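Input sequences plus hints: build the corresponding full structure.
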Amino acid sequence: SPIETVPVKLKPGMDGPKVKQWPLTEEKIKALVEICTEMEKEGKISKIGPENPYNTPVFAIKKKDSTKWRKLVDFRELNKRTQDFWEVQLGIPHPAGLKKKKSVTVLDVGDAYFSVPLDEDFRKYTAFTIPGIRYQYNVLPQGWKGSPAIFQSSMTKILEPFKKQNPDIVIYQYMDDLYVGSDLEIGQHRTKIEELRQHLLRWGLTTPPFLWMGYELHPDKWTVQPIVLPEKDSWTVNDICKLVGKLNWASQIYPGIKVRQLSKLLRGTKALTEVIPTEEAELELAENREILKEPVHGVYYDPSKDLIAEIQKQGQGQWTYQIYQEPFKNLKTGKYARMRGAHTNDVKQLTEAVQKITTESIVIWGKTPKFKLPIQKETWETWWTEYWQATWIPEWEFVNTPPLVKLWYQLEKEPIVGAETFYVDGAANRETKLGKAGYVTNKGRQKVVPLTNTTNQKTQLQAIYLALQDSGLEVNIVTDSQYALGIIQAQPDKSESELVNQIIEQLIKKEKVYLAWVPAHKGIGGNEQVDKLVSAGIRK
Amino acid sequence: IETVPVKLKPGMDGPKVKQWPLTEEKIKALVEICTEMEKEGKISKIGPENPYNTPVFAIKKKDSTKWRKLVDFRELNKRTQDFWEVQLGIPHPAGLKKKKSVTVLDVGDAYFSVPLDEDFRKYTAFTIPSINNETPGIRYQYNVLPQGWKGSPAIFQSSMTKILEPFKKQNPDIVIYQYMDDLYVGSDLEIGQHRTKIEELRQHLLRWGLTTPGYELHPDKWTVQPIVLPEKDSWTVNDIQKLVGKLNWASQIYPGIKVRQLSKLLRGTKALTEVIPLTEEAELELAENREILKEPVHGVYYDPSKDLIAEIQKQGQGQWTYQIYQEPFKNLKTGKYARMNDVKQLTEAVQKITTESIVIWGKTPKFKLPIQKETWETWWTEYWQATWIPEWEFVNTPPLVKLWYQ
RNA sequence: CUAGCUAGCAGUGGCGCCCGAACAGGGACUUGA
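Line by line, the protein sequences give chains A and B.
Under the entry's author numbering, the residues of the first sequence are numbered 3 to 133, 141 to 217, 226 to 294, 296 to 558, in order.
Under the entry's author numbering, the residues of the second sequence are numbered 5 to 217, 231 to 357, 363 to 428, in order.
Just so you know, the hints here were simulated from the structure itself, not pulled from any lab data.
Just so you know, not all the hints are guaranteed correct.
To give an idea of the chain A side of the interface with chain B (calculated C-beta under 10 Å), a few residues [to be verified]:
#1 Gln182
#2 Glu370
#3 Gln507
Where is the CB? At the ideal position from N, CA and C, for every residue including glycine.
Structure representation (structure tokens):
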């Protein structure tokens, strides 16, 4: 193994932590002895422990497929004192973000952790003893904190010459799998595979739809593994964890699959025999069946041709997106329904959706796709020109399909002749929570109504609500609290607080409306008047 | 070469912030430049032996089609400030903001010719991303002085002045200021004379192999624009309401402002569209407020120790306003920016703002942009044409600043 | 160090407890109208 090693260091002001090997039983020694002699005669573990004052814990267990007992080494105290190392692995790939490889194959190298050496200076921290006799690791040991990082670094450093010799071979490396493919003939494909096998054997490496972490990769397409669901009544805690994992791994690709019914029905359950009781769970699982009755099939990304995106609203602040390159040949689908912010509306959610989609396209495909938005050009330009923030989207076009994305109402910047003045205000004590709300008019048609368990903001909201309730066709309203100003000027359609929702539902039927703002407690028109009218026994 | 020993500060480690994704078209230029920079010995590949990581992105520089790479050293600079701040720093002259012309220059090629300390290279490790996370990150490590970390000019200024002395002696009126990799020149001559002098300086810098191809700014056109009020014969109730609101807000800025006479005309509860006769007393107070407004707000100094804050807002149709202040309501400099896509204009505005603050005071001010975090974080690499990264955040604006201007 | 004198691994994915880090809502301190 003439491969170059990696310089390894230790945390400053630290050293090898000693361990007091627990005296174990006897029905686990002979196997340990035979296995350490077997690993010693291979030349990857040395036994030089004459004066080394260090020790590491040793364990043994018989796992599934019981044929023999194997050794186990732990570093619960060694990895803690070991300096931190960079972790290159930070995400997961996507099946749709692949290419079209006619001659595709897979390859994995098992037990390759022994085929990589370790720094001789760092080998001082591999005190592996057993009742005595001590051994020292000479290769990368299992369970090491920096084992996968060093392994993948060595893998890349050893396959880079093969990439230099043949840059026209698409290679998708991983922890141990080597997803290699190209567009060559079967003979040329086998020749390249044999050349790669010889290249790995140069350093002594074992060279022996598809499966990719549960995915299905066909030569001409790709799809998700068809999941199933048991049809029993009881569900143990193991069954619970398993089914919730299945539905979580299925909801990431399929739409309309949620976990609110199982989350709400599986609260506080820490037992194993607990038989959770309902019709809601039954209908949710039947919908999951119906959706999983027909499997979806994606298409590999084509680098030559571009790709188009589109989004269609489904109702109740839920929006689904599609990514495609050819008509009806969609790559992947999904859903976006997060209520970002207290007050949201149509174009704000559309901007959030398009930014999420372009971020996904950057992280998956590394480019920006064209968008087919179901909205008009002049509406969007008026919106972003008449907004107090900065919102920009890439090039797009219009598609005629319900439901259309429009604005339920608009606003003005100057009063209208024939309107009526409306000075509104209202507050309550910080302990009684019993406040009122009124207003004034030219003709003198005021109206005060008390409230119960309300805050000043909600008092002003109720005041403007009752103002717009008995108003004419075109009225103007002036207030003082900038909170209602910011709420109304944003022009929402769906908010968390239903109060503003009923307010906008009452205002939308009105043709025109104008808003203003005046500093309170300055005697401006009817502000101080309504303040004195509503402050009866709440001011002093 | 004897590299100056540079160290970090105890208690804080190096930067370990993640790297946002990029586009494959940018990855092409990234590979095509890092291969050359590694063949030139400026960088070298490393492994996972160092957990420190700093993001890297690329821009499309003007005057050519190259893709100059840059590293956001915000964390490194924020953690090593004290070194270049008290150990070896450079003061800020005041004569450059009174000249006629100024030309921006880059001297990164000079930084690319000096080795860096070996014990410090483990903190400037930069990594490039990969598409679909298939190929692991191709890590690298700097071997020369990088661009973005303000310690490299702090340690290079010696040789910089040593090289610029032979030609700056015959030109006593010239000014040289290098807060970062950028380079500004102070000249109060005509456009032709400034052109000749700047091409002479280009020759002087290329004498040592410096490939150097907004560009020419003017500091004399920077006047303080205070709050302006409308003056029309028609005075509706809405107009006087907006006026009293604006002046009640500005009372924190202008102390000697009252609402005595203005609060009398609007006392009668009436409608809004009607016109009210403006009395001479309210007219006198309005004229007083007008003549006080044009006077610059006194008492606003410049603290060379505290930080800077430069808020920016958007009015519409490109009407970008901006205010700079070290303390709330203690504005130091205002202005306007309009008549230049929705993010390109914002990037140009923040670029102009930070350039003016650098050539005036010499300190990158913190920004408050009125934009969502994810959108700008993903689209700020489109039209960015600078070489360093400033500090910023994401805060909304109240519904009052929209009435600060027309 | 943990679990009932005795037994006591790690990584990957998942659903479950506590704390910290970001967004949104209620009280105290300070400064002015």
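Status of the hints after comparison with the structure:
{"no.": "1", "hint": "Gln182", "in the structure": "7 Å, holds"}
{"no.": "2", "hint": "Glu370", "in the structure": "8 Å, holds"}
{"no.": "3", "hint": "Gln507", "in the structure": "6 Å, holds"}
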